[PDB]
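J.: Chain by chain, the residues:
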Amino acid sequence: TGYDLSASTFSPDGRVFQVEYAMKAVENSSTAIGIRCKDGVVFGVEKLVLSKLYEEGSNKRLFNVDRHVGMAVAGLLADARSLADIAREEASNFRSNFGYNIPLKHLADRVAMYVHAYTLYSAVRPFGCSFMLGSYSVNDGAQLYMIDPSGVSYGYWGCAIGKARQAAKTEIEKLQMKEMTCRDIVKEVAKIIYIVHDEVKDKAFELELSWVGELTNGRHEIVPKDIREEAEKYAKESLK
Amino acid sequence: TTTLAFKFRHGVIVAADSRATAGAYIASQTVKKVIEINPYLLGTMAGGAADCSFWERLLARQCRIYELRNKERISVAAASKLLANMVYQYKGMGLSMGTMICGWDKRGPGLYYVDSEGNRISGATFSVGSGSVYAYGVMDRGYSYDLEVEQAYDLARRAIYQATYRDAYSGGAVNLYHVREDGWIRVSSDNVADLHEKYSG
Amino acid sequence: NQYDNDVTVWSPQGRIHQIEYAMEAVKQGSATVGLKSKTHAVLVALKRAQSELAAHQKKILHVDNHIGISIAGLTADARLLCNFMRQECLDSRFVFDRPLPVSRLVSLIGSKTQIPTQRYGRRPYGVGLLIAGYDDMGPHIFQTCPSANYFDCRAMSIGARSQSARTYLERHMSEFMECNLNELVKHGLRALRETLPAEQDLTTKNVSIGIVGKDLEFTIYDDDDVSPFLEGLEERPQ
Amino acid sequence: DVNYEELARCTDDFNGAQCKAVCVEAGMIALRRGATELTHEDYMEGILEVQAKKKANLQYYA
Amino acid sequence: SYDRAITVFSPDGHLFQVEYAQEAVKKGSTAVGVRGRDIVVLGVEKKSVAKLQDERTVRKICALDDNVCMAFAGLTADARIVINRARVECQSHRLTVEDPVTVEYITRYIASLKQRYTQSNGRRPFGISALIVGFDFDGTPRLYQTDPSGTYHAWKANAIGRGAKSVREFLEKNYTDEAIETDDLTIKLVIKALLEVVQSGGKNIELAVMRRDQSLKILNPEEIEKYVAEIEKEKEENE
Amino acid sequence: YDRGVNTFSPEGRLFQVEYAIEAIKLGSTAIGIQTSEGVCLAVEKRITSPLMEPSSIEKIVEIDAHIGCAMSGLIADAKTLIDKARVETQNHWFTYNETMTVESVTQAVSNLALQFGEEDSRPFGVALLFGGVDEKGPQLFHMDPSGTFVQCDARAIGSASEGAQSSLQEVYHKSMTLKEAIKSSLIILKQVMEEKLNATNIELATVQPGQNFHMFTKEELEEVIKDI
Amino acid sequence: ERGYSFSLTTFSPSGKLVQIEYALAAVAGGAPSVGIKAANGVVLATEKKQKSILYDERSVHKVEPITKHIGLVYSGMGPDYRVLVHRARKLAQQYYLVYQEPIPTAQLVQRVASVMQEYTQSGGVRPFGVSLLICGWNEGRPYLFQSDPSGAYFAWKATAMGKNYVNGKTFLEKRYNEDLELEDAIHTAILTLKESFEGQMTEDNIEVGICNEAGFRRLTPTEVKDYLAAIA
Amino acid sequence: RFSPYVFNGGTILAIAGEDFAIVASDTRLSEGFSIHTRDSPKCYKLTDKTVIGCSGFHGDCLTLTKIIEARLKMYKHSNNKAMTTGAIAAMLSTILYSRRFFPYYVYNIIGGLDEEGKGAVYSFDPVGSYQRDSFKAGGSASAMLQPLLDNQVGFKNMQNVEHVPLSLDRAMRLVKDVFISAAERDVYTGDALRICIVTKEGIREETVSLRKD
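Protein chains in written order, with the entry's author numbering: chain M, 5 to 244; chain R, 1 to 201; chain L, 4 to 241; chain F, 378 to 439; chain J, 2 to 240; chain K, 8 to 127, 134 to 241; chain H, 3 to 234; chain S, 1 to 213.
So here's chain M without its partners, still in its complex pose:
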């Protein structure tokens, strides 16, 4: 006892338990994945509807930090909105100061040093949020970064965050990043977001998809989920 309470105390085996408890706090939240193609970044978040709870489009875990950068948060939600406001403000500082649009590398550093900066004191608690960062610029290419509650930021071609995490990142190695256009990769996400999280746990669900890349011309926005409706047209035909 006594080694798990505060964040600033090492445990005798040599790890920090508040950080380890922060890692598996995101483990209870629902699955949200991401993947990049050769010219764009595709997001997808499965969202939970039990009976009535909310109007369609409530508390969307897809955010929009800059003109060309977006979030895909999973875990506890309020601190994820706090990181959305802070990363928003950091893009405002870089945009105001140095005159050009923020690269995804500096944004990953300046956010990840804050997420780390709340794991050094017993003033605060470590965050309980993990989020994706997708972007595209013609002098940059599509990058996809992944920030955990511990503060580690690095780069995937594809990732997954949630309960069904390993099962939802098992199948991504079947897909090919290098050749595919992202317009395929939309339904190529929605097929396994429909496949993972089988409906015995929760009766119903609802899907969000957000898509930035070359076709949207740098601007990040949600795809019109009604428009082309490619998800469930493949997904009801993907059970057999």
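Treat the hints as calculated values from the structure; they're not laboratory data.
Ideal Cβ positions, reconstructed from N, Cα and C, are used throughout, including at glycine.
Among these hints, one or two may not hold up.
[Claimed, not checked] To give an idea of the chain K side of the interface with chain F (calculated C-beta under 8 Å), a few residues: (1) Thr-14; (2) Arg-20; (3) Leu-21; (4) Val-24; (5) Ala-27; (6) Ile-28; (7) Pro-61; (8) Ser-62; (9) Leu-121; (10) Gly-124; (11) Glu-126; (12) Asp-127.
For this one, chain M is given, so just place chains R, L, F, J, K, H and S on it according to the hints.
T.: Chains R, L, F, J, K, H and S only, in chain M's frame:
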């Protein structure tokens, strides 16, 4: 603008005009200059208007809270001292404030005079304003300690009449008050155009 | 239970307990029901009193010319987020010379109530807001929580035994869209009559009803302009 | 006369053995009530009874 | 700096440090005091003096203005700051309203200060009770005591310190209106009341008076022995 | 287990506010009654010994001219709220040139009923009774340490609260007059006090539109008790 | 950072400062060192064993000058040593700016002792685990002072700190004496550092500094290897 | 240098009736010798029963109008009722004195009904003194209005003149005559004339054009 204050055997008499200009132009003829602070205190106005209104009003604040704490109505010299401590900190910013403080106390009649520079002096007689030097002259000839009530009313109205006559910056009504032991009481408000028929002969 | 101490300490299960105990402070407040149409928003609360002689403690408080909020739980913190609510309304009313839409107001409540849920020695706010107003795109019914997770619903209810209000609302959510005010309100406080035990009224002296509309500024009615709404309801069944 | 939906959604973290005690306490009050028939509101009555905790109420907390 | 609430409510409703820190009042020197209709008299007892060493530095009856006398119990160290702050307060009152300091005002100052000294963060509450006696302007004498709660409270006579129930129970047998019809009956009344107090060998009894216009007079051990003489001779007349 | 001074309960609410409510129970009692003509009010001084002078004890201080008050529990905590509530009424009068209504006083106090913490110590241990006559008529109010402020028509507090309320709904109706209510309080007081009721134990306080002011003097109370 | 600021160093029921005693035990776990004042200047000797043959002795120095006439060594832990090294570096220079004069070592140990004693009481720190030896040649008589984690300061003739300081203390009780020369202090200093060393002592093990009265000069491994050749 | 004051002009008129109050202002907003606009009304609705006018420097009129219309709704949110006309005078005295050492350049006139159905017109100055008056006139044409309202409403310097109180119809041709005959010689009195009537039954507004130069 001429106020005057003098104490005699029965309390304190305060009188003032009502004209308040702005340059050569006259803004209004009915500015009530003698500002009521409490039911037992009377303050006047000189020079600037908003400064005397504001700082006497803020004096009334601390006087009322003082009464709510010590269960005693505040003495006159205490009110003058608090007013001087409030005015003094702004020395060098350009307040023009020539007020007077009048009231009854445990020591009897009372009168003090507070300048924006920081003057604070007790006295028998005073007159403040542009036409004040016109008021000391007629005021010091008929004054003694022993006067009757109607005599002091006639003197304190005559002096305002000479002030509004000779000076140009004084005119309008003649607002006359009376301070006694049981709290002040208004006497009258005679217009100068009616008073010229009276004292002209 | 040594990790039930403060807001800083995470659980070994991943559930920060101070938030759960503050949710318990949400459930201890009285019932209130907010539900919208496409053209209006109605939130109805139920007062309780300390004794017979004391007047009933009110819930619905006026905030802006279109924003109104219910409450359950603590009262002083409701005045705190009330004063912050007024001040952030008339800030942008002072600067931009337009009223604020609701959907960017509530992010100031989340980012306002966030920091007292993280740093040491700061409690969360026992709070029960049911926000209602107009932006240009119609009505909105939100709810808050001390964990600062705001939900865009079509109808919710928070307070003591408010789950019965929900299980009323789900079998009428297909019919709570088209109808106008006079049956929308009684469709509101039927959920309140299911939040009570079935042997006492449903009086006139306790229920308060607030409506926000397009040609109708946000208005609170109190027992006597309420008395024209409570007339003509069905009897509680056997 | 049971919807089964209301008693379901009002249960959070409540144990399954406590759900048996719900029909117990609701059956124990049936004695003093004089009627062995129960209502759907009696479930949620005994459901909120055993948990959260007992028996006190929130005052002084503003 | 120093952000920690020292003094919090106990679950049975009490503050501890207020309603516990009166034990430091209970384990200090005693002090009594009555008010005459003309001359007041207060005095400290149980001095426990070394009886071969100096005595003016252990003097624990002092003044704020000449209008106001002090007397206190408990540990004197915390009382010193209360006295000096009270003096700095009662001088600016002379800088304001030109009457001397009324005693009820200065007791509201020590009481209000000691209250907010309990209320604030990171501050141990004071462990003193004190008396504030002074014949005011318009010649009227009265007295007040303090409290570590900060509740000023006007008595007719005193018992604070060790055995306050003993002397406070004793002065009910004092309060016949004959006492005090004379000022020598008031002073010998205080010392005869301190007979039931600790040892009362004529050494640890330090008394001081104030004759309603005079500065306070620390009496030498000259008439204390004569008041013990007429008190013991009066007890010789009591049988 | 001295935990966070600002920590919620398992029930749960604020631990220290819930502990603060129990501090009202050992304080002295009081009785307020709202009349259509005014507000009468009663308290007990609780004389501890014949050493003490009885009339220096304050349980009623009068906030403005037209807003009365009644304190309870720890008095030295109450004095701070009294002195600052007076400042808030005067600030209302000097921005506004009108009387601060009886309602907004208790918002102006109960907005800082909860300011304890470490940054930005303990909550107050008083239960106040505010009276007064604004333009809305004679109002009778009541605030707690929690800040949960409510109107009460005829409120008791303190140690006697249970028996005084419980006995007090029996003897109250809508059309009470003043001198009926004044002798309707002292019956309850002489039931609930431990010393003999006389001229030194209690004090009344009345405030009316047309009987003002009409504060609180002795030898009125001598006529008041002898009407029993 | 938070304003916690409470002193974790409190009194015992006996009345003993506990963290200062434990910090003196952490001094006793440190490397041995000895320093001898003798009649023209002061010789400080320290004992530095690299834990491997991989290490470099040219990088880290233990005898560290503070002025051009003041040296300073320790017996304790280096990471707590270098902080008050730098604090003494900045601290002497305000004396050289105000008074325009080479600062006396007596004034140094007063001020550094004030820093350390003032640091034992402040908000939530452990005390330093360092016991210093401070030498220098001011106004004609060379000085040797010792401080400690209690903030105290002594004026020793020829002392020793670190491991086996009762062994080197009794050795410096008899073998240290009335008066020597500068080279004669080096012999007995290398001997008393050769009391508790390993089986070999080279130019990389010891590192010896002196104060001439004409000025400081830290010695080189050439002469440090030449004097210990000549076992002591 | 940068001199932070500039004079715009405009002329505010207010007449307190028996149960009414008429506040009227010209609309010509002009800087220097140019004309910026020919429609810019000064009369501002605060409550149902209190209408303020603000002339002088224009940016301080906008700023002051917005601060007042903020603190009204703060009072309504605190104390469950609107501000009285007497309270707005004291609050505006405190606001206008709050910036005393870098003053507003604004002449203020508040009209509106009191508690008892009577005309209560208050006037001001940039330093912040105030008084209750039956009729006032600020702005650039005060000296072209005030003795005329003295000759019509105040009844000064007239012998054998019986006293009729001001009726509702008479005050309107007063305001129209003073803005026409005042607008003939003045330069800052302009084309459109806003007239606001405050009755017990709400706020009535009427606008009559004038000469176009």
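J.: For every hint, state whether the structure bears it out.
T.: Structure-based check of each hint:
no.: 1; hint: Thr-14; result: violated, 11 Å
no.: 2; hint: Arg-20; result: holds, 2 Å
no.: 3; hint: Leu-21; result: holds, 5 Å
no.: 4; hint: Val-24; result: holds, 4 Å
no.: 5; hint: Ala-27; result: holds, 6 Å
no.: 6; hint: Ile-28; result: holds, 4 Å
no.: 7; hint: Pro-61; result: violated, 33 Å
no.: 8; hint: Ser-62; result: violated, 34 Å
no.: 9; hint: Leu-121; result: holds, 6 Å
no.: 10; hint: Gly-124; result: violated, 14 Å
no.: 11; hint: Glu-126; result: violated, 20 Å
no.: 12; hint: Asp-127; result: violated, 17 Å
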